[PDB]
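With one protein chain withheld, the remaining protein chains of the complex are depicted in position.
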Amino acid sequence: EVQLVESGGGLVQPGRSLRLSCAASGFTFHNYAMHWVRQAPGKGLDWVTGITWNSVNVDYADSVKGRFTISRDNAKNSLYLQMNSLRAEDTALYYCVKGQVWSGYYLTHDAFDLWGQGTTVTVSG
Amino acid sequence: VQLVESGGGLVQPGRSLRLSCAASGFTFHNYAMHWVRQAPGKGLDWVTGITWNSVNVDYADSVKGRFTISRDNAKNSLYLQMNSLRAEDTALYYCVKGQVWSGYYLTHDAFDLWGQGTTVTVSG
Amino acid sequence: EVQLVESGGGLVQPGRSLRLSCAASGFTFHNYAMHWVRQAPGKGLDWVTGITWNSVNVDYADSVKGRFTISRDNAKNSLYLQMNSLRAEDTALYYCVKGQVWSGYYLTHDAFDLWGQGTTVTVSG
Amino acid sequence: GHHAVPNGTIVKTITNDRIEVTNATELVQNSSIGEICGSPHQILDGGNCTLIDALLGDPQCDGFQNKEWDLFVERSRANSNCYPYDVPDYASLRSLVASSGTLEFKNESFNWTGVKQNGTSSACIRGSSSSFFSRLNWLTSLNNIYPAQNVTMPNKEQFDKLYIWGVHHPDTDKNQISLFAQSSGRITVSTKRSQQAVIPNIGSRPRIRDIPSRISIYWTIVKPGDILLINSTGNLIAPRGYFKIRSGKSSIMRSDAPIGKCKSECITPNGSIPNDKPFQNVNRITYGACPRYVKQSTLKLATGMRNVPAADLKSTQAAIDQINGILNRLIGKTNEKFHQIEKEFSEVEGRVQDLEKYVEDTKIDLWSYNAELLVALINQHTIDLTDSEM
Amino acid sequence: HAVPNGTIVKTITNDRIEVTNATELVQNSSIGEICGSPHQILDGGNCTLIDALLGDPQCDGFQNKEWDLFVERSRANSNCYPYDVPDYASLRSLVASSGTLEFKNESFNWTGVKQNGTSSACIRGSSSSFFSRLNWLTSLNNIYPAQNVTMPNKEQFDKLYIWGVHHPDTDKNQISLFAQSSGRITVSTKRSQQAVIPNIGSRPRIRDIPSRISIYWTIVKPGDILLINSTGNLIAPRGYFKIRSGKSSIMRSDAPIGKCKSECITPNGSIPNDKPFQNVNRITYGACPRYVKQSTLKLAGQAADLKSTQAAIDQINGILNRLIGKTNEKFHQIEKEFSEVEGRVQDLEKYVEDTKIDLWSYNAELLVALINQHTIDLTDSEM
Amino acid sequence: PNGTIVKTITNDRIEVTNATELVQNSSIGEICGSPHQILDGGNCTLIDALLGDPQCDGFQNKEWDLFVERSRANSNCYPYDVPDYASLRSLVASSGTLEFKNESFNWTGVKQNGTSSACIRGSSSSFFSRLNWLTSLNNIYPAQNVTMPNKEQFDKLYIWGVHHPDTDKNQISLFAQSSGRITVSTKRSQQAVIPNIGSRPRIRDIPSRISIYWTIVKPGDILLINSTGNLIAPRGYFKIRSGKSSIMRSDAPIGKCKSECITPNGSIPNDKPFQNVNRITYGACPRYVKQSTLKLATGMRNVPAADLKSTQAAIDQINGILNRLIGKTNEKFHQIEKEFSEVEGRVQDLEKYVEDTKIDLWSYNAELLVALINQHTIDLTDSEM
Amino acid sequence: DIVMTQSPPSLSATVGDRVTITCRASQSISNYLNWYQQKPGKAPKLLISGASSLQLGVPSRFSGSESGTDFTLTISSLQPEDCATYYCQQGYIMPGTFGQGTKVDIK
Amino acid sequence: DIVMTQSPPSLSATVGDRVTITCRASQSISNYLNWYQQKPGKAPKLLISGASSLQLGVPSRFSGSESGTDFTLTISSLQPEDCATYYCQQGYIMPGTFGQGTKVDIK
Partner (left out) sequence: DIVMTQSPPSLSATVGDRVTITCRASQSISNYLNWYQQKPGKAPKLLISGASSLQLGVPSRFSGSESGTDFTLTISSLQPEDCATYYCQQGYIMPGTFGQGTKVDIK
């Protein structure tokens, strides 16, 4: 059916970089906007980044500005996240999220209709 | 489709009578019903009429105060009661039916069904 | 098969008379106007006479104004031309042409949609 | 020497914006009485009821049968308690019946071969039994057979006749077969000058009083010497007779004011208003000998003279005569208008409604400009003439 | 100076004042003839505009004729196949403002059909006929194949096409005319489409016909293409008319046409346009005075002083020159008289006309009062 | 020295010292957008933005106070026709906003999100972003009976459509049934539509068309959609509001200036009471008069000094007149259309008649007002001396 | 009450001829006039209601018209079955005002 | 009355080439111009009427146009069968006037 599978993650030392991948299967990928969200262990849900189809409007959160990069590949049906500089505040479970509007130029006025079972990223010695 | 009548006869002046009209073949609780009397070889006269809801009831001037008209929709019947009869009321009575399907008032209509009258004679 | 057939041509002396007849077959005759057009040997095309379906508006050319008569018979499906006085300038091939407008009152706003192989008229000694 | 007043009033002229005078009159009326009292006019209170419901014969509107009027008052609590229906041109029929001014109904004996007549529904309850509209006939198949109808009625009288008929729109095909014995019906009502052909549409609709079907109402006008022909094959709501169309003064108003007892000639939805003054500020909707509408709260005409704080009779009489002549020319002479266009809309429709609003706004602006200029001119010339008497 | 025979006029501060001359500013009479020198008038005796456009026999002499004002008479009737126009007013206004009937033939394909059908109620001469600008298409050998014709617009002006749909009385008639039980017509361009389905049913007989014809019109722009794809009940076109923008209009009037020169036409007749206002009719053509609802409006030893007299005469004549003579030209406007009951649009039109008449009457009264007051003031100031 | 000629009632030409102009004859060719929210719809009509054009995507979920339509606007997707185009355009323009809210309709056994080659969104074929082309799935098109209530506190606008295919083969291939029918109803209105097969001229290699319809659902109401075939479903609902908003056709650049009165030629100042530029205006604008010059006598008559009190009195009176006339303007936001590209008939004639009546009446009023004020100004300035 | 007047108290006509009966009313009734036919020894039968609307079953030779504030009932071919007494009635106000009858005989 | 002038009195073209013939009128004719083709020894045949309306049976390579004030007849792909004389005629006002023909030959 419809699913989003996330790969990557694990244990990384502070100041190092790694790349997470999200593969979508079951829907037209070049129509819906895609987001990355994260949840700390037993704390809450925090928005991370978001991109649209055609990759014109890209938005990041204030705490992840300048060190994070999100990209798309509509031919290969993939959403990529690259994190370069990492701190201990990013140890979380990451979810790859699908949007609801069928074709949205802008990233707002939307809702999260599909979520994926995220991957664990730990930043520790 | 007929309106039959009963109750006619010979009564002395100053006494009472009760005529009954029974309707069959049509929906009774829609049409207005009147009574019309005809003297022997004289003409036709109007005496009273009633609507489907028994809200508007009208009487002729010469029969005011002594004549009562009533209706029972469940039993499909129309009743007339005479109390103080005189020699001017010896006539043949017709139980007539109105034409409008559902009239709130007794006016603006005609008489589309007539019964075969019953005879009322007031004499010694 | 829609056709017009002409008859009555020949050789006549100057100052004498002639009568040409045109028979129409294959179309409703009382709906179309009818004209006569003559062509000199090796020269251009010239308009001669014209009539309508009701024989109400009849028009003639300037050079044949007085001595030419055109008539129509709807019952017999015929168009007749009568020439009273003939000169040497009238030796030509005559075409009996039909009009294009269906039930036209006037002769003007139309075109000649059917032509007949005309007959030869020679006015010489 | 002139006279002065301890009090004062402020008026507007052309050269001056504020002039103190001795006496000023108000040319605009800002208040009403709150009661629509029909002494000179005939007013019909359509409580519980609209005009179309009274026309069709709603069980609640049964008391409006064969009743004439000069103004129809339609209230905001009016509802429907019968079979659900729609009118494809509601405003046109409402205006036509409102301007006719009469609900007189005369029965006719249509032929109607081989059908079941006087169909009743449980959505309409008259008394304690299921019923239907009193001026329409629901034609239903008899013995699972609905023969084609072809009936004619000529107009041998000396007036136009209005016929109100309808088309039944069922919900499902099963209902259509059970009611009219045919998969698809078709209605053709024609005269010598017009034709109306209607095809019913089958589909579900939201339930009003447990009824998923609807009824579409149509009307026809038959002129003298014409014939009305009805050639339906199914889904016909036949007429039981004809109404009378008249030309005269009559209209319909939407208001919520009580009806009283007074001789007022001008009616507005707020209430009855006196017509002595030439202008008004209450409502755009009027009926009968009404002052014109302006958007000004106050418009005062200087019926006096300027003040700067024995007797002569000839000059005083001359000034009084001229001022009273001006007042006679202005105050009292009012034109009468019956059955204007609608000025309030409860929906949004589009081009026609925008055109109507534009027309009314243009009228209001032009008349406001006229009122301001007229008061300024009259005040200027009044001051000039009263200063010319010295 | 004084006069023995005076006149009575109205000012702002005076209602009845006596003056000397008191000319008149409203016209209350007409000569009773529709003069035709400046404008081109077309008398449609026994002929409506739509009948002339379609080409019924009685109007055969109106084809290919231009006009500036079409005159329709009350005796006009139709003597051909019964027909109905679903939007009669719009088509009448369109053709009236176009100002020309000019037909150019076109050669449509029309495969496998019988053309030029005739009816016994449209007699032209002594034989049955039909409209001269429409083509009644009927089945041939009990077959009516589908039509797929197309015509492009390679010219420099819009083309008007008039076509129709036949509504027969019974199914037997429909089959006998067009082989299909139910027909359907689709006429479309690059910007608009029109789909029509005939309605079978009986109608009152006009000239022994229970069937009818519904008339529709399309307009094709200079870069468009007209497509006709009907498979039944089609009264095909025979060509296209020319649509122009001009100063033409229509008028209903039972008045004779004479040889005279005048610029302002009303249904009662032609009226002079010197005075600024009128009282005859609200329907006008050309340079006409405004309509007011008032019967009359009027505007003002021994020696002599030439200078003062000349000054007063000059000022009064300047006022008169400003008022008298300068009129405005309105050619095509909305309808002001109706012979039916319609509804919203008719009420809106009546409201518009009443508003205009009331406002112009108020303007006329105020203007005459103002000018009289100032005329009296200035003539009193010169003495 | 220099003089100005003005017009009164008694005299047609009087030489006065100073005279002002009450008619604006010029405009800066820029639609200033400082105090009004102006949305430039380049290459995009209002209806093409209400629906989802592949080139009008940037206008979605946008608000405006005035919409500017350009003459170069064109459509670049599936051909469509609106049976009442003017009404829908006016309704959406006066609504003042496009805000789509998605809804989850209960469509059964059908193929959704159908695309076409007319719309191209970047590289792939597509369709409108606010509609839903429902076709058949596995050669079956089950009947759709879908309900949606209005539990909110504002009216909801639904835009749906019908599909008109070229031939019967195309209809059967798209929808299994030979003839479809659509019924969209509420508790107070109903619309039943039947498609019409037939060939049409090809726009972007398509002989089919789409008809567009709209429905308004009030609070406490319910929208029912019952369709057997040929339905272009909606993806959600728009929001209808009442306010000040309109739509204009103007080929003028948008600038950073500030001005209140807009016109298709540009933004014009509103100090003077009248104008001569265009009959189509937005906001607090001067009235339209056919005249080109209307001059008010702001000075005394001209014939070829310690009296300060008389000078002050005259100046105060004239300045009071000017204050009454100059600067006080009325605000009209949404009006009727005043330009037509096609010939239609009765309603267009009625609109033209209404505008002509308004223009003539206001021109007469302007001329009379200038005449009276000139006459009284000259009279008072003569009386002061 | 509104008195009703019928013109011919008795009329005789040949079979096939034309018979006309006229009625007048004291006040104005909005065409609410009904015609009744009574054979000897039987109940009345309504012929025309509304002065112009023919009831079902009545032969087409009976016609009703309004002319000059008078109401007319016309028989075009007087068959022998049309010998009866003809009465007029109103319905506008309700005191009940059947008029006197017109008796028709056949030669 | 109205004199018609044809621009080329004689034209020669190769098979497949484009050929244009022009006609001018003295007065204004409301696009009522008809083109006629006559082979030697046969009767004339009407090609286009109204300057833009092709008649049935005429090949599509013939086109007619109004180039402002001149009337043009264009043959796109000339063929050996298109060797004849071409005339332009008016219909506005009688008498009908034919212009002198244009003779076309094949190289």
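Order as written gives the chain letters A, B, C, D, E, F, G and H; numbering starts at 1 within each chain.
Throughout what follows, a contact is a pair of C-beta atoms (placed from the backbone, for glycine too) under 8 Å apart; a residue touches a chain by one contact, two chains touch by 3 or more.
Peer 1: Which one, A:2, A:45, A:56 or A:88, makes contact with the chain that was left out?
Peer 2: Touching the chain that is not displayed is residue A:45.
Peer 1: Given that one chain is not shown, which residue among F:25, F:34, F:37 or F:104 touches it?
Peer 2: Touching the chain that is not displayed is residue F:104.
Peer 1: What subunit A residues would touch the chain not displayed?
Peer 2: 35, 37, 44-47, 50, 59, 61-62, 95, 100, 107-113, 115-118
Peer 1: Please identify, in ascending order, the residues of subunit F that touch the omitted chain?
Peer 2: Touching the chain left out of view, subunit F contributes residues 99, 101-104, 106, 151-153.
The rule is short, and it goes like this: only the chains that are shown with their structure count from here on.
Peer 1: Would you say E-H or B-D is joined by more C-beta pairs in contact?
Peer 2: Between the chain pairs B-D and E-H, B-D carries more contacts.
Peer 1: For subunit C and subunit G, what's the span in angstrom between their mean Cα positions?
Peer 2: Result: the chain centres lie 74 Å from each other.
Peer 1: Determine the centre-to-centre distance between subunit B and subunit E, using the mean Cα coordinates as centres, and give it in whole Å.
Peer 2: Whole-Å distance between the two chain centres: 64.
Peer 1: Quick one: subunit A and subunit G, Cα centre-to-centre, how many Å?
Peer 2: Here the centre of subunit G sits 96 Å away from the centre of subunit A.
Peer 1: By the touch rule stated above, which residues of subunit H touch at least two different other chains?
Peer 2: 32, 49-50, 55
Peer 1: Which subunit C residues touch at least two other chains?
Peer 2: Each of 100, 108-110 in subunit C touches at least two other chains.
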